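Undergrad: What follows is the residue order along each chain.
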Amino acid sequence: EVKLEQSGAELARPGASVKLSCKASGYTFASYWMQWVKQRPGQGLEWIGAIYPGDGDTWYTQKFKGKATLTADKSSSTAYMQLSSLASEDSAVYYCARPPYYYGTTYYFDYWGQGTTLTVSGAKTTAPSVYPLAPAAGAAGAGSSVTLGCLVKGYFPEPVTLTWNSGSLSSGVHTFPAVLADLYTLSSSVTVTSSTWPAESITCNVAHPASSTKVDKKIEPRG
Amino acid sequence: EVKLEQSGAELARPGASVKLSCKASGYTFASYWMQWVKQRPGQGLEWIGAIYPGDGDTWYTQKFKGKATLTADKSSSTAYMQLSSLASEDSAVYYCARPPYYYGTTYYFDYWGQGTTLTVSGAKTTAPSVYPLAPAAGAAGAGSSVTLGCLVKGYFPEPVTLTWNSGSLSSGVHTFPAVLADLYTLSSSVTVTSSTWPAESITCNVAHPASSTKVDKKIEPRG
Amino acid sequence: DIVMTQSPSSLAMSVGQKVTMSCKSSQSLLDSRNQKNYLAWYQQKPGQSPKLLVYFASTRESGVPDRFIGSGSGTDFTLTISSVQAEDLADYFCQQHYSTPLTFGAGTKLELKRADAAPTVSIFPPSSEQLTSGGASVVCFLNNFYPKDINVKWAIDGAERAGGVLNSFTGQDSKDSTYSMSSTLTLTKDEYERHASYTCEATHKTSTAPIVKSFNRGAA
Amino acid sequence: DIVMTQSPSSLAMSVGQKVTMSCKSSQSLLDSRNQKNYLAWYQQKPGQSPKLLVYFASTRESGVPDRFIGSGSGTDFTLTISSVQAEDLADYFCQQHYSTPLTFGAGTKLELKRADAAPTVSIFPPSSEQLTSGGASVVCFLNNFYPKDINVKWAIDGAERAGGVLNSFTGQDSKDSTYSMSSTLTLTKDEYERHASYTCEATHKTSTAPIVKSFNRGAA
Amino acid sequence: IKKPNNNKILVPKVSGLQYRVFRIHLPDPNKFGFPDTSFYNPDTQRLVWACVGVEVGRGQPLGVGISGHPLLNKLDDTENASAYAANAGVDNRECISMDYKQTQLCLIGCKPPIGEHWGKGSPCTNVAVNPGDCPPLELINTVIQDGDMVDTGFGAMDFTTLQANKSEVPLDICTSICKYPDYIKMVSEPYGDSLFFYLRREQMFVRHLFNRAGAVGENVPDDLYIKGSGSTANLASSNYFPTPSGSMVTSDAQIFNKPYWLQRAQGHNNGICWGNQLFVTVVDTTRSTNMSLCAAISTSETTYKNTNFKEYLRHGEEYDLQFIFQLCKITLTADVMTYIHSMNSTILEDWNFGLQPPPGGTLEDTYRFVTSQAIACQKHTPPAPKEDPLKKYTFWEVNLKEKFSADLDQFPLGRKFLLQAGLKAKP
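Protein chains in written order, with the authors' numbering: chain B, 1 to 223; chain D, 1 to 223; chain C, 1 to 220; chain A, 1 to 220; chain M, 52 to 478.
Derived by calculation from the structure, the hints in this document are not laboratory data.
It is possible that part of the hints are untrue.
[Claimed, not checked] Straight-line distance between alpha carbons at most 20 Å, and here's what the computed SDA-like set of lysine to any residue pairs gives:
hint	chain 1	residue 1	chain 2	residue 2
1	D	38	C	158
2	C	51	D	39
3	M	278	D	107
4	M	162	M	399
5	A	24	A	46
6	M	152	M	366
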């Protein structure tokens, strides 16, 4: 019945052009208005505009006047969004659906689409960089419960993954969210037992499908 | 949005003329009726009349027939009130705003302006006159708690201010409201400790910005 | 040309209590087609800007909890008040939207709380600087007293002084709720050093006995 | 071109409790002919698709128990919530259907339950591979703390470090409701082996004492 | 209709209420020989066409169309109200439609029909105009162009300039300036060659009575009434405007599909069409019928839904023209040449006379002085007088040049021309 395919994801260069698609099921594709909504964390919901495929008439809010552009084709039964001359803050989720307008209704919304995320601008794929940490002046496992951690940085693009001893220990696993340093970076920690370390084996396993780089890094005491 | 600037304050001679202003924000200045309301303590709210800037048509209640006069200009977007041939009881607050009339409404009011106060008639500015008081037959501080006071009189125009030891003591500070004797006058008191007086220093500080006269008067025992 | 009557003048009360002021007027604010009531309601805290409360009868303005709900029907009306907190103290007005020109209510002054006080009277006979100025200035101090009710009389060597009496008053304070009112009898110095003893009596309902405060020239 | 105000930001609570977020906006979503209210309600749990809750005022959408019932009147509005279970935690939105272009509310993020936590602070001075890379990477760990409130400062040999500070955060977990936040100060290695002691202080309302975490180069 | 991004028209806007303008060329007779040409000297003289009689064919089945507007300033019914009206909100406009005044007219002549309309001029400068003032009014003649609009009974003026609301009337007229012919100024022409002839019929009657809703421009002085109260505390808007209502149409009042015969006209021209040129302008309300059709985007589903059907609107138009003509010659003398040259001298260009002959006679008034310069005083080098002058003015066009025939008998119309004069043997 009611269905939308909000598909793809993309990273591109500054000043470049982008493409989007949303497809129809269970109604006439061209018989109503449609929406595009930009989802930016910390700001989030914002209403771009609207387009009515019958003639393809347009609405462009003061913000997106100019750069934003909207067309679609019904034989495709699929929405389009054409935007060009990109920029950094352009990176966000474009998350859109179709309100009922006619349908025996008016504005607001009956539906939300699949979702799609766009990131601009890019670089070339890089390999992870992993440096674990320990306390100064040596660590033999002293204290109530010894804590250690290893972080994943210097990697582009997303994503990466780390597992301690093939995920054998969930204690301390508080991997913090990634951020772009000009290379994406995150952090992770693990809470181990003072007694079992260094004795029991501690190994973190890198998993970066983008670079397709996987590294299993064992953690052992050091000065 | 809804905003009015009800500005100024004035003191003038008998039989003279006066001026008032109230200014517009967030609507069309000339598209409605407007009000002027006289605020006189002990009597207070009274409805002068109304004016509609479109042509500037008028309404003059039996009371203010004659002397009261009303015009405005929309390019100024500011109300006016023109009154001439003043009088003593004329002194009061003229406190006005704009009712919605049209606005999908009728009379009463959605709003109240800033407020403005007018005083008639005047004299020339004079300096304060301060005579403190004590008990007869001498005061050494006898009693449970000795009380003294100093008053500010013979001053014109308003305002004045008195502080005991730079406001070091709030006890007894019951400064009574001013009144015009042909020179404005008020009274003030302070409740001090029987023991600490005369010993501890007692000083009242005059502050009359109108005359710009400031006098620090120390209070010490006397016969 | 009609007239509104606004009562009661003042009411002391306590938190959460249900108090009702009255609305009274000559003709009908109300005839039934649209069943329009022309009563208004305004709150003014001292010295600040007034504001709109309720018009018609059943109006509820945006921003007003049910602590204010309208009442009254037919001609003369009322205001229901549910549960009062400290912020509710203010100077109310009820007035009319009908038959130009406009008509207003007298006034509504709410009174705060607690009970009474004890009267405190002192006397400060005229300082010589006042007699240096050429006048005889005799004031009287009554502080921290509640409610406002007091009487003032001046007996000159037993002879009562009628006229020339001056007074001023200050309202409640947060803690005490009691009052400070100033009394003044001031003439030229010619009589002061002549006429000896003077008498100023204060009559509060607290201390029903006729508390009297006197003095003499050259003596306390 | 109007503006919506969505408050409060976040509220912790307990099962079955009745909690009310507020709706605020400039003009009237409501005029009376059809008495149209233009407020909307949307529920979004993190990471999944948002959904419709309630439009107008008194709308009840198909599939929503009275745990959600609309509220508010006039201009600025509210949401009544009857009794909350775990599944009710989510990120709400309320917005407008009127006067194109569209206008939205800020955001509504519910906070879960229970009480506080104790602060847990450790330090891992830079490993040599970091100083092998050429930078000085100094992080700090705070785990299982609730609520989010914390303060961070960096004193280099007593000299305070202002700028270059980096942070990241992770939300609640099912059991603890507490948090783990990562703090970072990272510069080149030039200062690290030069400037000795460093100081990182954490200020939670839990343990109001100014709990400080310091260290030195070559020492713990 | 136009492409949304483009400005190029996808479909032309047409309705009956648009005026029609027909321009008709004739081939120069004097290029055009005769079976026996001997009866005149082509040198000393000329040949010029004359228009004896004219027909207008119209073929559609007769029926009335209509228009409306989705948003219209309106308060409520003024005809009957049990109780006083409600409070004025914001934008009470509603979707309501009406019929335009039924009308028929006909226009013929060698010069374009002259129009007139109300419109705004520049206020005399004493008081500086503030926004919201009453713009002064001006009476303006103009040439009449195709696509222009009949009165609906709201009078000839510019809504666009004078009506800011833009919602105060139904759509079709909102854009342009409806115009109306002024018989006076036209027939007042000295030569009359604007129009030599015409006919008109029209009728209207009232249907409903409404109120504008908006900011009061002025309030009636009180003394013309007495103060109200309660429900009568406030005065409702003063405005009113009627709703024009077309009447029963008949086959009789149709002025068309019937021949006409001209001999004498109010102007001094008797059917002379100078410069091989002739104008006809005709407007009808009777065929205004608008057929409406529906297309199905999905032919399968058997449950009726308002979703499946788009709607479009197209309107029919049918004209025909058949013109009798007569043939005439002109002698030349000075008086002749003079008298013409006064009237319109451009006429003489397209002939020879033989030409050098009146290439201006007038000695100049002696404006003189330098024949060069870059340095001394300002001088004029504008002059050209725009030889195809009216090309600025667009309107519908037809060429007849090829179609003449020499025998009445073969046409439907003509044989009547015979019948009126009889003479059953064709000369």
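Undergrad: It remains to establish, for every hint, whether it holds in the given structure.
TA: Outcome of the hint check:
no.: 1; hint: D/38 / C/158; in the structure: 46 Å, violated
no.: 2; hint: C/51 / D/39; in the structure: 14 Å, holds
no.: 3; hint: M/278 / D/107; in the structure: 15 Å, holds
no.: 4; hint: M/162 / M/399; in the structure: 17 Å, holds
no.: 5; hint: A/24 / A/46; in the structure: 24 Å, violated
no.: 6; hint: M/152 / M/366; in the structure: 18 Å, holds
Hint violations for this structure: numbers 1, 5, all remaining hints satisfied.
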